[PDB]
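As structure tokens, one chain now follows by itself in the form solved without the partner chain.
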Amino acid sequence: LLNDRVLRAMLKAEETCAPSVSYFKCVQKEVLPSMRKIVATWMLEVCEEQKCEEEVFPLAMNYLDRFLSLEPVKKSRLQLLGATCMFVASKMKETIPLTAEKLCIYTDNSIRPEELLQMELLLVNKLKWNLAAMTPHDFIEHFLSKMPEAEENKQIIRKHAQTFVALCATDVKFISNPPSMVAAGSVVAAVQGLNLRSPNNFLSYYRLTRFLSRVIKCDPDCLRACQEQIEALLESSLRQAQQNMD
């Protein structure tokens, strides 16, 4: 079919956009994982608040990681990078792209359109205009097409997977694992957790790791490892969801 031919190409391209798992050690001096945590989660709120196309956020994070992989950045200038990555991500994925002014508004006008636009060329050029990158969502749909599940079911899987993908994107995992893994780990965690609540329904869960790793052509222990990592990230939302007081 054309499933494999595209998929093969998706995976090639996936690897041409891969960031460096080492950039905090090697490239960055000021910037630390906790700061990226703050920008990523800031970006997520913007995409949510602005009801952006969901593939915008994970696309911007790709840009951000691939840039931190190539350029050292002052922390004071990180949020600006977040903004720019969303600026370009949105332009790439949205019929009504985010406004530079609307983006700076979200920084409480800490940054300015003129700065944003300087960055855009920085970012775009560093990435060599290789921007139609893959997202976890691109794969989720693919895997979903291969699966024998009623459209009602695929909707719920699709919903949950994309939650997980967001969880991942605000984590360093997203730097280590390509969207194919992120998508599969998320589908695997989603479908599995749905099979529990509703046994004898999401029975695509059944050895879904091997299935999806057969597609991705990946070590199924990594998909198992990835899945667990996600399942843990989710738990770590038990902390956030409540401690908002003190």
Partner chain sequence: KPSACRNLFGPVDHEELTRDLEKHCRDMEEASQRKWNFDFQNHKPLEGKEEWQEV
The other form holds:
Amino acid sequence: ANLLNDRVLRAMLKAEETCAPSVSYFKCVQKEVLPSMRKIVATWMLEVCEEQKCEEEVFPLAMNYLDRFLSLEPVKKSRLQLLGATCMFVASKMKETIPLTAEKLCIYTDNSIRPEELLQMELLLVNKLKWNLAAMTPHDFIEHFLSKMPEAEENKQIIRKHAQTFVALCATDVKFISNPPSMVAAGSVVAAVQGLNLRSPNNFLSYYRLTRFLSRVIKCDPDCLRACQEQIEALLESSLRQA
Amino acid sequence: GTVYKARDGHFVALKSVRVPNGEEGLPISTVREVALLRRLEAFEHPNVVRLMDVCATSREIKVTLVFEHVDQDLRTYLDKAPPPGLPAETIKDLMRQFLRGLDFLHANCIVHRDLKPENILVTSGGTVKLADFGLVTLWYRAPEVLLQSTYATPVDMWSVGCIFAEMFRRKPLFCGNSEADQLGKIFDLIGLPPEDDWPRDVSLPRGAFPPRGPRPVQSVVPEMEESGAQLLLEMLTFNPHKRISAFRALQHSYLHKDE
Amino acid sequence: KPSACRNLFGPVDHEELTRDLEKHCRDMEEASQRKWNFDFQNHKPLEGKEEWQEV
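So the form solved without the partner chain is up there; where is the form deposited with the partner chain bound?
Full assembly next; the chain just shown is listed first.
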């Protein structure tokens, strides 16, 4: 059976290797912007996607578009927000039924950018990416992992929501640009299964079997997956500190 | 627009599409279908036409798709066949490439929806390459399509069977007037299906066809073998949920290359 | 206006911006026309590596 071989999962790990940003575009490509400025704009887009109740994939997909454009073209400090508003404009078209309007995104910039400037930046961003907009999202791997876990649907919704929160926090952090979406999704799942330390996990599939299963389908050592889970839970501690 | 063509040391085709533009940049359908076409070339499948580049040019916008071109389609290949017809092993080789490329599209949630020998394209080296996807002849449409019912990827497997029988015949299997006549032209062979195998919310009730019985399969394709006849039935099954899949057809013993 | 409505990195020189995006929408479009011997807005063949036909 295909459930024993999983030809779908292998095709997903092959597609993840094309829409991949660079690790060192801050040192090699960008002159004006610094990793502190990427966290700033990323924090803004996350608040926009949360206020507009966007689909769960929109903000991480936009960050994928942003890191990929910054790996190709030097962007001025004053135009980083325009690039960020444009990445949400394209991602919303790829993942939402009624996407965000160009006029609403300009409002979210305090009317710093103009609608046609966003439409012209759309043509630039899509052409620079050579229309490679159907990137693999961590949500893709999360839904595939949950389909292999023998858990109750009520337990799966909490895991899915907690991991989606972890995925969003990873997109705002620079330390996770080098991680492929499969690694981000796998670490988000095992971190979510531990239940935010509010409860001793009672899962039908043990965490030991879960981590070792996830490590052998995404092709990594279990200790590498544990270090990714630790970096995610460290991100959760630092995120909560900002209050 | 107008189609162009070039050679180096291979061949390249052209395609220009003007999209509305104005309201909110590029249309939703434009960015999604072109990106999905871009997603398939990451795998580089030998049985699917290779999209080479995508160029948008701006009021007005016109994005031009640059595809890989071949001259010969399947019908030209079939008309150019030897007078006795194609050898069995040659047909099994084309059927393998056909199902390989079709399973590649189905794995990426792409239904061809319109498979005919004018769409299947064959290179000069014998490589089958599917085309015209993700962008009247009723003879290859599945019964769930002719009934205007809920249709999915098994609609391509019905078209595969019609072309499977056509390579041994060089004459189409079912040729009908309208959708009502084509469905009547489908029940010559598989008989009239029972009650609950018929869906509802259809266009034609079951009582629109006389009670018929399934005829033997080698009455329409005798030059095939018996094992190939049971594979044709699994492709030409009325119920789309019993219809054989593209991947399952590749595991059939008839299309297993010997040695 | 909501809390998320904020300018991040100062003002924007709008005249220089549309000037910069017209030079680069032209740059990629000219490099694509120089890659295929085909100006796409003019929709006419040019001369070079490919011998352009019409069926």
